[PDB]
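Consider the single chain below, provided in structure tokens and representing the form deposited in one PDB entry.
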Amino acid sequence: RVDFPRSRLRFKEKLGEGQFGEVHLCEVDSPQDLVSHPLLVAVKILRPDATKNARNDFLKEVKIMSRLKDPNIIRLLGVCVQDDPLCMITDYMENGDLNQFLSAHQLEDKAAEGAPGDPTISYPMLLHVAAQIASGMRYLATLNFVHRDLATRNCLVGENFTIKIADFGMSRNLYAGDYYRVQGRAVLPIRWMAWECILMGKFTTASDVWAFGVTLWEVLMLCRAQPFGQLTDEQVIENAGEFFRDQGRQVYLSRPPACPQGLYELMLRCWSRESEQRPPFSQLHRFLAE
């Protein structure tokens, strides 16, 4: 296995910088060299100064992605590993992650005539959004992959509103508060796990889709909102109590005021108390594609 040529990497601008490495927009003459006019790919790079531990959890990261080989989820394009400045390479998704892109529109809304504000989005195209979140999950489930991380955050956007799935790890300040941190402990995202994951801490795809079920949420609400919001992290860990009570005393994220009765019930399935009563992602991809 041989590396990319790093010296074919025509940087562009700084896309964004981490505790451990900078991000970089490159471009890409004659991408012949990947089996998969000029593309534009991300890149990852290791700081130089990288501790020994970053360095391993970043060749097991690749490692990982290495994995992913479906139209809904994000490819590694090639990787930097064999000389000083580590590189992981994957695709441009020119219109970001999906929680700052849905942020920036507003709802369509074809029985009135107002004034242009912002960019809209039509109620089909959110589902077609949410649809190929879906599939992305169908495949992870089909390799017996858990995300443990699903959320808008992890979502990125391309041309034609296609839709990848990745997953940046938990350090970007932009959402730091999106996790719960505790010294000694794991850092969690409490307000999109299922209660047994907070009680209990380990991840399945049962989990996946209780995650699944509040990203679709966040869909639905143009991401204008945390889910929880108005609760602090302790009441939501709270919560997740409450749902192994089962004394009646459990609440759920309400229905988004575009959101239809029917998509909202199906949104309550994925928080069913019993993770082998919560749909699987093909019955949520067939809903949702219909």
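Residue numbers count along the first chain shown, from 1. We call the rigid core the largest set of C-alpha positions that still match within 1.5 Å between the two forms. Compared with the form deposited in another entry:
- In this overlay on the rigid core, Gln183 has a C-alpha that sits 2 Å or more away from its partner position between these two forms.
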The other form holds:
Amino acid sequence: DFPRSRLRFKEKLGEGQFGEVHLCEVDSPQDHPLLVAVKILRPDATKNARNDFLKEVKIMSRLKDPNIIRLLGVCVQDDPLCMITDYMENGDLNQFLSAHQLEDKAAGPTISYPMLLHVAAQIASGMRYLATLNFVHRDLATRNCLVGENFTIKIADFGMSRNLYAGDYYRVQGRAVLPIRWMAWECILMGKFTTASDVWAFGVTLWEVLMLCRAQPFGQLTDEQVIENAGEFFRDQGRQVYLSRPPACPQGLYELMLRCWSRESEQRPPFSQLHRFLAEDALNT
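The form deposited in another entry is what I want next, because the block you gave corresponds to the form deposited in one PDB entry; please supply it.
The next block holds one chain only.
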């Protein structure tokens, strides 16, 4: 159990109905101070919130990769319940890219095209790790991607904890609230979530990166039309629709995005392939 006496409060990062998130300093992290994010459960939090908290701890404890959020420690042998992760200073990737303009010499901070590819390749690397562990993320989007120092990307999962992105989730039949615009066609129709559908979502995430998070995927189409589109991928009568090529995206890179959106799960490129393309092949028109 992490010694909670080693956590020095600095600033509250956010609040919730069942807990609080704090930015903490740890002096001499080798066991100047290391900054960490600590989720503390309120002493009056529900037994259901406590259940989610402990299961969240279990899940995270297995994920140890440079492009995945790390669980540093937990304080659970006593109350209040704490979970300690890395602190990603630049917030989520949607908030990060939305604050930048593209570096375009032919034409507020700037971000270059090679840097957008490095960001996407780090997301690919993280996902390759999850896929090799048979772990299906189920909600890959830029909002669930965290930005640290040196343009380091760490894939996370906030769920619906932040009310910031309610427009990105749709309540289907059964009170299940899903991110349909990022979901593969088999997910929306059959609830079939696999590594292959994580690829589809990566494809939509690469679109967001290339758009500098300026627009919602299929923004001109209603939620009902995004669902009806998945039925068109099922019928395979050539009437299904794809996200349009971002202005700064070359045709070669757009062709990779379309592959992630193949009708057949087995035709979608593995994360090892996306990673190599994004890190090596940027020499395309």
